[PDB]
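For reference, the chain that follows is the form deposited in one PDB entry, supplied as structure tokens.
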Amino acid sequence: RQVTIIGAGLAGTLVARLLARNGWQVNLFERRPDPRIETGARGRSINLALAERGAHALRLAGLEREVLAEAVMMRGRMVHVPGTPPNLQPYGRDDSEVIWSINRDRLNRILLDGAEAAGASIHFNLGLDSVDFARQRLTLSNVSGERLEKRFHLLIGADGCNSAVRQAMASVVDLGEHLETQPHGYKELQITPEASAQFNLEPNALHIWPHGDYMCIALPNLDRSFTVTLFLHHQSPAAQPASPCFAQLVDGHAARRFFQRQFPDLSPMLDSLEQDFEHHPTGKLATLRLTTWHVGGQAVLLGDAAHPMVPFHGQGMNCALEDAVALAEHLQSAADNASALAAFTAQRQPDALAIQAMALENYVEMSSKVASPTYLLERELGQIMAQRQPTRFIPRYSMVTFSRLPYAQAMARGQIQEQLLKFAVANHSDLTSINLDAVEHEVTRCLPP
């Protein structure tokens, strides 16, 4: 039937295309101006990691080829630690599995074009303000001030981590929200193609410079430049009041000092550091959990609107595209919007909750320069079991990243798997001491195919 979608980011535009193909009258409203008009700007140039999960959703929409055409392939993770040979941990035990680096703005344009080619009407320069649920009315506003009321039948809030739809819903039901804040902010920097080729930075990998309480990440672009993200506390905790934070970094020069002392091997590749640091705003992170994502058959949330998460597993978009697929499936196969929205929430909620936890946990893996003898021993054993039983023992990263297993099933399995490894490894100094066959027997006993 009819649907009104608020937000033409990743979730909203994908879901609009799918509803529009399956014969829905679709209207998508977007606060921002159409980004497809050509200008003299270079842009923000944000990079996102697209995994098998998200790529699959795009495959379902018939958009995979177009998106992949502009993606840079990442074959492994490259971990840079000073006084160390930058070691490339490939993705898998083979190299069929990959992660793609796609420019966020390219992706969005592909998506918009795909939304319209399916029949969706997109309306830019219009932000949701309010929602009258009793009288089924929407109020939008344009920056020039004016207001515009539209009726609606189904409302889809795909309007991002500060969703106004979610906010409107909260006015009329209790969403049981729990906000968990992240002490890290982030800041976007760049490594130019000039700098990139000079340092022989491998373009075809994900780069990370771990630093404990803070770290940098780098995904590459078609032009061989890299987009770089610094995760750092906003403020130093009470305990260690001298530790690095954004507060102490009060201009490019303090920032350059910070980088030259703490990231000596990364700093010389960051030519425009001072500029980037003063102009680009410091971003905030948070995990937000809701018990309910819908109001009867009137309104549902998906993507970041429904479940903001920390970026540490690189799965936010991947999850959002997955949500879009699931929502359209439900809306299509259900007796009514009510059944469809409930059914959607019941399916996707557990998965949102699972990746939200896994992303929070992923921080410390990425962040520690030297892993502990325990984690390293477990990881060694886990690879060995992964070779011997690829139907049963699949490392959690791979379940999440390189597979389509529901996020919750990944979590549940990684729970059993890690338990297995922990007990196998305790009171052992290294693999010498561990009988592999006994461990394989336990893997087989404990983990269903």
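Between two forms, the rigid core is the largest collection of C-alphas that superpose within 1.5 Å. Positions refer to the first chain, counted from 1. What changes on going to the form deposited in another entry:
- The residue among 123, 93, 284, 151 whose Cα moves by 2 angstroms or more between these two forms, once the core is superposed, is 93.
- Annotation for residue 42: C-alpha shift of 2 angstroms or more between these two forms, rigid core superposed.
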Given for the second form:
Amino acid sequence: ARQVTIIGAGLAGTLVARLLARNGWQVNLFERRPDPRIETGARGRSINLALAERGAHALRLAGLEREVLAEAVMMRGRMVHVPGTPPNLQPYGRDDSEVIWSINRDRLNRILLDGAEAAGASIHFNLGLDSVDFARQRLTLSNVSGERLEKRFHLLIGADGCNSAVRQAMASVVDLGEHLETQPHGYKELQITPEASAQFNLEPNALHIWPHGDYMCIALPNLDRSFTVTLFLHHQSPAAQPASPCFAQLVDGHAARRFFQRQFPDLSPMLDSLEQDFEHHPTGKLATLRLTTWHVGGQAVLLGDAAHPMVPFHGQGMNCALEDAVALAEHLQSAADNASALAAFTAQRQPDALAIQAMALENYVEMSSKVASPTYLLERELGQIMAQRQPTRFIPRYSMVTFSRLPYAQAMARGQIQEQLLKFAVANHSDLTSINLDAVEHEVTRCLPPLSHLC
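With the form deposited in one PDB entry done, generate the form deposited in another entry in the same format.
All you get below is the one chain by itself.
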């Protein structure tokens, strides 16, 4: 049987472990953290994530989608909150098939671990990779105390996240050609209890947003009607707007409460544990990292966040990472040798990772605006008529990304054509009735070939 060692029993690494093990491979998976299925007296984990069609499809191929969705809350649309003003759903799509799902991250990881073991993978926890000797084909791991132990490997998969040690180790033998692009927002996890959720009548089946321009909060629902909230806020005030809010001014929980009472006056009273959460949850950093090189011959490959860290504003990191896992397993299963598989996987996935990294960055401005332009509104209206006239040609970029499996680069390219056609058609008009609709439709059929078999 073909042998593989995967570093990182997170979301992509556990999926790819199940796909390879079930297809005959002898799989060993090493994870730095303890096994989250071993119950302890520690506090419960509250991070959740949006699962969309790309990740759900990956799970479906793995036979795990039904299990994960039984523990997921449907989000039918965005619920945008701006003070005093009543929220109204902006639905994601036309019916409940076009929804995204809110799932507890720890639960998803526990379901994936059970899936990898059921397929025959061996998982070893409390061992973090420290280094790799590619010439000798040996790995060095240690527990939290740092005491080193070595393991031989044959094929190494780095599914070890944004600060991947496999990627770091690859720098010793290849030029990674890395481009690290910092992003100025940090983030902080907060919580709305089930009682406050109900008191303030927050719709459970929606993604909630409190836009505020250069900062914003989002909230995703849990099965118990609590919401996990994330504040995105600059670490530091930029040189030009030097008094503007940032994490550096929020020196403690009390300061954070004042900031929320001033800037998010409607959300603040929903957040009972703000002061505590602010002080005990560390502030997270965001970044986009692009790498020229994702593999070393047939010996080692990166996927998921180890290959392509991205900013979180599209909710697609996990979805892309599970899509990567499926592609990697497909290439490894059927290729002439591991070197061929890994080069082909990389060539396939790199243009798509670049496109979703860019679209993620672009998604911030959308989400964080308190008010949409009249121009933007009219473009959206016209787009809705086009989608109705030509649903296999005009499919909004958001939907191509979230509700289909169209390669991300293609979704980006078609989104660009759509953006230009709407922009030119709406210019110098203030309403639909002044727009030549057939002429727009003619540009749609001229410029956008039909796609079948999308949903």
